[PDB]
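Let's start with one chain on its own, the form solved without its partner chain, as structure tokens.
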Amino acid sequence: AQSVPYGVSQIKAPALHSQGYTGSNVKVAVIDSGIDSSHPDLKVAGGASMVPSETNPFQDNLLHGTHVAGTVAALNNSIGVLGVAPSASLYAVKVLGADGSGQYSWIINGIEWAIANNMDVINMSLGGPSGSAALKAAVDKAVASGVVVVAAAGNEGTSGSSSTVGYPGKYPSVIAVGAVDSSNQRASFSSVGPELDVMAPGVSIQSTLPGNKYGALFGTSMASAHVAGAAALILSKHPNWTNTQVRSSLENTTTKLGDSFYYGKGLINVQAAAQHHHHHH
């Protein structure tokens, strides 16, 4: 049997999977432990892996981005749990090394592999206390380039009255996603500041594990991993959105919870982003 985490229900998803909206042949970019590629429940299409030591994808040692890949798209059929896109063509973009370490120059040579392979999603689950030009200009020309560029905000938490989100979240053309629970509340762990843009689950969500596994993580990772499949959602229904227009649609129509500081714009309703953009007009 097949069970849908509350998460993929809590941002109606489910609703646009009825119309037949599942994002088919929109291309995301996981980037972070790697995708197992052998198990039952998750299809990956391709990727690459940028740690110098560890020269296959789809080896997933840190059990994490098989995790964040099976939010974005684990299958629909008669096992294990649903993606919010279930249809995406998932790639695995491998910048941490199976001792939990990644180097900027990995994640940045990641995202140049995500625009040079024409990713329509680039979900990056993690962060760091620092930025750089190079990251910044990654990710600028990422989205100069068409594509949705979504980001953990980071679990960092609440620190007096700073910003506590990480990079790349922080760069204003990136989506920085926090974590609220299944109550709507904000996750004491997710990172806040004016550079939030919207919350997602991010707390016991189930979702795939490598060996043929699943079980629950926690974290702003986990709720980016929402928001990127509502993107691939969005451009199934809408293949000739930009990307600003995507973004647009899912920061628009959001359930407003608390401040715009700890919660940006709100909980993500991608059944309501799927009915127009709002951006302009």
Contents of the next structure:
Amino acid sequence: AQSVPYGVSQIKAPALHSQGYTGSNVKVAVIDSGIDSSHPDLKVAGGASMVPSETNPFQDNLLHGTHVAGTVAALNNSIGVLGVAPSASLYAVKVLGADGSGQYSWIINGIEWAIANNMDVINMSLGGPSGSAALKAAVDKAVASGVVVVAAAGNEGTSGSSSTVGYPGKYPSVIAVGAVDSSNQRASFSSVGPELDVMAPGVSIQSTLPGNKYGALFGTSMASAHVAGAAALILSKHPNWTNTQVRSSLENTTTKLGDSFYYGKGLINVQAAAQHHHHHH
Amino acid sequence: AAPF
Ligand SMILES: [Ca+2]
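Give me the form solved in complex with its partner chain now, not the form solved without its partner chain.
Every component of the complex follows; first up is the chain already shown.
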């Protein structure tokens, strides 16, 4: 039996599935620890590993990219879970090594790979605590090329009056996604700051794990996965919307929650987003 | 970077 993790319903994905909007022919790069392509509830279209020691992007050593991938696009069938965009074309972009880290250069390599291979949506369920002009150039170039660029806001919680949003989440060109729970309360770990754009489910998120497994993870990574999947649903109904139109559709149709510094625009509503972009007109 |  297939379970639809609550987060998928909480963002109103199923209303769009019933209308025939499932992310078909939308290319989503999961820029992360890779994706297990042997998983019965995931169909991996392609991808690349930018990790020196790790030539296979379909070998997920961190059990992270696979979980992100399953929130984006777990298949609609009689097993496992269900993705926000279950028909999306899923790309494994491995930029995190088995040791648990990656260089920004490997992230930029993934971003450049994603532009060159015509990804519609980049999800970066990862980040670091400091900026680089190079990383900003790279996400700015992705946005200039018409890619919808989604990143996890970071898991740094509150730090007095300061933005704790990670990079590349912090860059204006990137959609920075924070984490709420099933009550639409901000998760205590969710990074805060004026760079926060939207919230999505980020606590106790059931998804696919390597070796035909499922499990719950928490983090702004899980939240970003919902938003990247949401972007794919939107583009499967409005394929000519610009990345700016897709971003505005999500930001301008949210369920308003608390202060913008903690919740940005609030919880995404992909059903409302898919009606209209609300960019200018 | 690291996973978020
Ligand atoms: Ca399934």
